[PDB]
Amino acid sequence: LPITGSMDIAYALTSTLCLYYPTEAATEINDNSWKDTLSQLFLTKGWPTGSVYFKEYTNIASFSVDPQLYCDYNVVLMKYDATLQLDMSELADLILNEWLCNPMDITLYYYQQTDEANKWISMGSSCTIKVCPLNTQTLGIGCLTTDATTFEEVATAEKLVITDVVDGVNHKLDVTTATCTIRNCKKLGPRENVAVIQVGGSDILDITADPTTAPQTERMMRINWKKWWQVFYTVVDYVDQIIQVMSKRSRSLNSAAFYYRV
Amino acid sequence: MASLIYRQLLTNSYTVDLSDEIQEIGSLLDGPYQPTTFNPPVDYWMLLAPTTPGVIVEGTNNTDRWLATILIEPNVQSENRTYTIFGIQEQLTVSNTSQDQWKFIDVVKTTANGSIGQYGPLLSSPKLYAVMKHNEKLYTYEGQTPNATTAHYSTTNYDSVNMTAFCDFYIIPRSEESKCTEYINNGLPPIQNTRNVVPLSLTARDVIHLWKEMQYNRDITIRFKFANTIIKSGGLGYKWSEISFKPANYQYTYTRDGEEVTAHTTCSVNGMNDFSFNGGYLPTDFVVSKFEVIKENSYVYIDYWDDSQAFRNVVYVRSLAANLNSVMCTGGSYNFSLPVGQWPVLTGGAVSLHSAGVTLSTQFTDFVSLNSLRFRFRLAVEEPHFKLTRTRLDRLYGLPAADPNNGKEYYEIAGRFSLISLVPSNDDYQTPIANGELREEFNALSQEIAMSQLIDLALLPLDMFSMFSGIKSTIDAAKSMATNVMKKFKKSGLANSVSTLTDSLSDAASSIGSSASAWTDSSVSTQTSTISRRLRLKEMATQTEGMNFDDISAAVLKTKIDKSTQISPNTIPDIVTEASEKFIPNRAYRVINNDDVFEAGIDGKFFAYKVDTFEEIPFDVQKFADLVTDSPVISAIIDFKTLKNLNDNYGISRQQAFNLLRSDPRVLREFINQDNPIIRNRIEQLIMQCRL
Amino acid sequence: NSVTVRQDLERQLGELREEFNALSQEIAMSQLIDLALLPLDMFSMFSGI
Numbered sequence: 057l058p059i060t061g062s063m064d065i066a067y068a077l078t079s080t081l082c083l084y085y086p087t088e089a090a091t092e093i094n095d096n097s098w099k100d101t102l103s104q105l106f107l108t109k110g111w112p113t114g115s116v117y118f119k120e121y122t123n124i125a126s127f128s129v130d131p132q133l134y135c136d137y138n139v140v141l142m143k144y145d146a147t148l149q150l151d152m153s154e155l156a157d158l159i160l161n162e163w164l165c166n167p168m169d170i171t172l173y174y175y176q177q178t179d180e181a182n183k184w185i186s187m188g189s190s191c192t193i194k195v196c197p198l199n200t201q202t203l204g205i206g207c208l209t210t211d212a213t214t215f216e217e218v219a220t221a222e223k224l225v226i227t228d229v230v231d232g233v234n235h236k237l238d239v240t241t242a243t244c245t246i247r248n249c250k251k252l253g254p255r256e257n258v259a260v261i262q263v264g265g266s267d268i269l270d271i272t273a274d275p276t277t278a279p280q281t282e283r284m285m286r287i288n289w290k291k292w293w294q295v296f297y298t299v300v301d302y303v304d305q306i307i308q309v310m311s312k313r314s315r316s317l318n319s320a321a322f323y324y325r326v
Numbered sequence: 001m002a003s004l005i006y007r008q009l010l011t012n013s014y015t016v017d018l019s020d021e022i023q024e025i026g027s064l065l066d067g068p069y070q071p072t073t074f075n076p077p078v079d080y081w082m083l084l085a086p087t088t089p090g091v092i093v094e095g096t097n098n099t100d101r102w103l104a105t106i107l108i109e110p111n112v113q114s115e116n117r118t119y120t121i122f123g124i125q126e127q128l129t130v131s132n133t134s135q136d137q138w139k140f141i142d143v144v145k146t147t148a149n150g151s152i153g154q155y156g157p158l159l160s161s162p163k164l165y166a167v168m169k170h171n172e173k174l175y176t177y178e179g180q181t182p183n184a185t186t187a188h189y190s191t192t193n194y195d196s197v198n199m200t201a202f203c204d205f206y207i208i209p210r211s212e213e214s215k216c217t218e219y220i221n222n223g224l225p226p227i228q229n230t231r232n233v234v235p236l237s238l239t240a241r242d243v244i245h261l262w263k264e265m266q267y268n269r270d271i272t273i274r275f276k277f278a279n280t281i282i283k284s285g286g287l288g289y290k291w292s293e294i295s296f297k298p299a300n301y302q303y304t305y306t307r308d309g310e311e312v313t314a315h316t317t318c319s320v321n322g323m324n325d326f327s328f329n330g331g332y333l334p335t336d337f338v339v340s341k342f343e344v345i346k347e348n349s350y351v352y353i354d355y356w357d358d359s360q361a362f363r364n365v366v367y368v369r370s371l372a373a374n375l376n377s378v379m380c381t382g383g384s385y386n387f388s389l390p391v392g393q394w395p396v397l398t399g400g401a402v403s404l405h406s407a408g409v410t411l412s413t414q415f416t417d418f419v420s421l422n423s424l425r426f427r428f429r430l431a432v433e434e435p436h437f438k439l440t441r442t443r444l445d446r447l448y449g450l451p452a453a454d455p456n457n458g459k460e461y462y463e464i465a466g467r468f469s470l471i472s473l474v475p476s477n478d479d480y481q482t483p484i485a486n499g500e501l502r503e504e505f506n507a508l509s510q511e512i513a514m515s516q517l518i519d520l521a522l523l524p525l526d527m528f529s530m531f532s533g534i535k536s537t538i539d540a541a542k543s544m545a546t547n548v549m550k551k552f553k554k555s556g557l558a559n560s561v562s563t564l565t566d567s568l569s570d571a572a573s583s584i585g586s587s588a589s590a591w592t593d606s607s608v609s610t611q612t613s614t615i616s617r618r619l620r621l622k623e624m625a626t627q628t629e630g631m632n633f634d635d636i637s638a639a640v641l642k643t644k645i646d647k648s649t650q651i652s653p654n655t656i657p658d659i660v661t662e663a664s665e666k667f668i669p670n671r672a673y674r675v676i677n678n679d680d681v682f683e684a685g686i687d688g689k690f691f692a693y694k695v696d697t698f699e700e701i702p703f704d705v706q707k708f709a710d711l712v713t714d715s716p717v718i719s720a721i722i723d724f725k726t727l728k729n730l731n732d733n734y735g736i737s738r739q740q741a742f743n744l745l746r747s748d749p750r751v752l753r754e755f756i757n758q759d760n761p762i763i764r765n766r767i768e769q770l771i772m773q774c775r776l
Numbered sequence: 486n487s488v489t490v491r492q493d494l495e496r497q498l499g500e501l502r503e504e505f506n507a508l509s510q511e512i513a514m515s516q517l518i519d520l521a522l523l524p525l526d527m528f529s530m531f532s533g534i
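Residue numbers (PDB author numbering), protein chains in the order written: chain D, 57 to 68, 77 to 326; chain C, 1 to 27, 64 to 245, 261 to 486, 499 to 573, 583 to 593, 606 to 776; chain B, 486 to 534.
If you're looking for bench data, these hints aren't it; they were derived computationally from the structure.
Where is the CB? At the ideal position from N, CA and C, for every residue including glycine.
A hint or two may mislead.
A short, non-exhaustive set of chain C residues, derived as facing chain B with CB atoms under 7 angstroms [stated by the list, open to error]:
| id | residue |
| --- | --- |
| 1 | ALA431 |
| 2 | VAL432 |
| 3 | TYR448 |
This is chain D alone, in the form it adopts within the complex:
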C-alpha cells in the first residue's frame, strides 16, 4: 500500500533476545549461575528481567539440524575453523535468508530448476546426495537410470546440504529416505531477524551461489577471541548497534513453527 508523508515537517522495549553459544564456552567458563549474571547485566543495560533465553548446541553440524530460531532478535556465535568453511557458509545462508519449501520424493518423481532463486535443501542426520541429469527422452548421460554407482557424487557424509545444479534439465536423485529428508525451497528474500557473529579469523562466509557477487552486508560481523567472557561482554555491552542494524519480520507468508515472543 502507498505511503504519503512529508519531508519538511519534523517527525521523530517489548521484544525477545536469544544468544547462541557453543557448548565449549559452557565447558570453559565452568559455572552454572553465569546465566543469572548475564540476565542481571542485561537488566542493568535496560532490558526487562526474565526476557532473555539461551539455547545451547552440541556441535556445528548438530545445530545444522532444522536451525529454525525462535526469537525476534537473534545473534548467533559461530565457531571458527579452516576445514569446515563450506558447512559454515551453508548454515549462514540458510539462517540469514528466508525460504519457502515444498515436499519432494526421489523414487517416484523427477525434478529440475528454472530460476536461480530456487535451490535444493536436504536436512537430517546424514545426506548422501547423488544426482545426474537426463535428456529429453530420459536417457542418462554419464550415468544409467538404475545404476546407483555411476551417479556422480555431490554430497557425502554431510549433515546439511544446499545443492544447486544447472537449470532447465530434469534430474534423478538417489539417497536413503530414512536418514535425511530433502525439500525444494525458493529464496524469497532477506531474513532480517538474525545475525551471525563469526568469532575467529578471516571471513569466507558467502551468502550467494553467484561467484561474481560477494555481498558483505552489515549483518555479518567478525571478532577475535582468547576468552569467552570477553566475547560475551562485547556482545552484551553493544546491543544497541547490533539491534538497530536489524529489523522486524518482513515475511508475506509466514511459516508454521514454534516462536518465543513474550
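Since chain D is already given, all that's left is putting chains C and B on it; use the hints.
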C-alpha cells in the same frame, strides 16, 4: 459469420479418408489357444501355426476318411521319417529343395483304416495353414505361396467334424477373408493384433471392453518376465531352426502399505530383428536360420491388472499419464546342445526400458475378462557386448532371445500412474465405486432461449475447436469425434445438394431467366419456390452480406448442445446432420436493383417494394431471375410483413430501415433492446421452428 | 548397430527470452508492415524451417 462452421465442415472432410485408411488397418484375430478338443462351428476358418515338428492337426470322423497333417523342415533330403498319426506310427517319404521355408503335406486315409499317401504340397515361410468347412464341402489350403487356392472335398458329417490340433490356431469368420490371406501370405502377424494374447484357456465369448470426475493417484510395482520358444530342426540335432520370443504370463503378490495386492502381468514384443547366421551348405554343420534379437526399432509391451479402488474405475477414462522410472535388463549365458564337439555359447546382451505411452487392454486368465492398462515401452541399446563365440559373430549390440531371464524370476519396475475416471453421480452423494426420447426433449427445450445473446453468438463465428470445447469428452472417444461427425456430414443432404449443383454447373459448360444458366433451370408461385430452394445453397458460396439463417441454426445448435445432457458422444453426428438440413424450412431472400427490392419465399410468397416509402410493386419474375444469378444476397430475417408493420406502427428513420433491409446487427439489436413486440414476435416465430 | 548417442539438449528458455529481447533493434518498420499485410499459413510459416 457464424455460418463458417458449416463451410469448414464440408471442407476438411476429405481428411476422414486418411483416418478411414487407418481404420481399415484397424478393421482382429481370435487366438491363440491351448491345444484342446472342441467343435469349431461352420462359417469359421482354422488358422494353424505350428513350430515344432510332429503331428500338426487331424480331424476325426470314426466313420468317414482320416485326415492327417505332417510338417517337414528344410535341409532334409530324400529320406524316411516317422510320425504318430492318429496314435499309430507311420513312415513317410520326405524330399525338400527349399532351404528356409517349411513344407506341409496332407495325408488321407480312404476310411478309418485305409491306405496311406502323401499329397497337398504347401510351402510357406510363416508356416500357416488354413482349413474351412462350409456348404457341404471341406476347404483346405492348396497351391504355392503367396497366391493359392482351396482344395475342395465332399464327405458326409460336415457339421460334426471336430478337429483336434497340436499347435496354436486362430478362428476367423468369412468376412475377414481378405484379412486371412493378408495374414497368411504375408508373414507371422504381430501378437498385438490378437484378441486373446496369452495362449491360456479358450473362450468363445470374449468381449473387448451428469457425471463427476474422480482422481486416483496410486503406485505400482510391476514384476515381469520374458519367454523363449526353441525348436530343433531335422537331422540329428546338428542344427536348430527357430529361437524366438513369445508372450509370457506372471501372477504375483506384493505390499502397498497393508494390502496383499495381486498383480497379473503379461508381456509381448513387437518389431524384433532376425539376425541370420547362415552356416555351410553341407548337411552336417552348425546352421541357424533366424536369431531374433531386440534393438532400438523394437518395443516391449506390458499389460497390468490388479484389484484396487483405482482399477475398479477404469472403464471410462478422462485423462491418463505415466511417470515410470527406467529399469535395466541384462541377459545370461545360453549354451547350445551340440552332440559332437564344443557347443556354442551366447553371452552378453543388455538393454533398458522407458515408458512412451499407455492405453487400455484386454486380458483373461481362466474365464474372467479384465480391463487392463497397457504400458508401451521404448528400448535403448547399452554398453555391454553381445557376441557368439566359437564362430565369426562378434561386435553386435542388443539382447538375444535365448536366456533373458538371467536366473532372476522377475524384473522389477516401480512407478506411479495417475488416471481420472468418470462416475455416474445423479446427485452430490452416493458415488459408485465399482462398475429415442432425446428428440422430444430437444424439441421441448427450444422455447426458453434468449434472443440478444443468440444474436451476439451468431455474430461471433465458430470453428472446429469451439464446437466441442464446451462439452466433456472421454479421451478414448475424443480421438475420433471430429472424424465421425465429418464422415457423417459428407453424406448429408446438403452434401448431395452441393454435389448436384457443382455437377450441373460443370455440365452447363457444354428457361425463366434471360438465358441458360445453372440457376434459372400459382405457377409463378411454384417457379419462385423452386428458385428459392435452389438459392438456399448460395449460403455455402460466401456471397452473402450480414447475418444468414445458417448462423442462427448453428448458434441455437450450440446453445442446445451445451444445455442438454441426455446426448451420448455416439449421438452428436446424427443430431448435427439432421439439424443442418431440417432447420428453418421457411427461408426468404431479397435482392436490390435500382432502388427496387424483390423478395421470394420458399413457402410460395413473393413481393416487391421500393426503399423510399415501401409502396407495393408488381412482381416481375424475369428481372428477378436475371439479377439473382450474380449479385449480393441477404438473408431476409426481416421480411416485408414485419418491415411494413414497423414502418406503419413505429416512427423509424431512413438509416434504420435501410440497415434493416441489409439486416445490420447493430440496429436489429437496438430494436431487441427496445423490446418492440413485432420484432419479438418475428424472432420467436423463427426460433420455435428450430426443431427436428 | 552402435550404442545410442546421447541426444543433445536445448538452449535455455531464459537465454531464449534474453536473445529475443536483445534482437529488438535489428527490425525495419515499413518492410515489417508490408510483411504483415501478406497473409501467412502453415506452409508459408516454415519455408526456412
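Cross-check of the supplied hints:
no., hint, verdict
1, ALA431, "holds, 5 angstroms"
2, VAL432, "holds, 5 angstroms"
3, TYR448, "holds, 6 angstroms"
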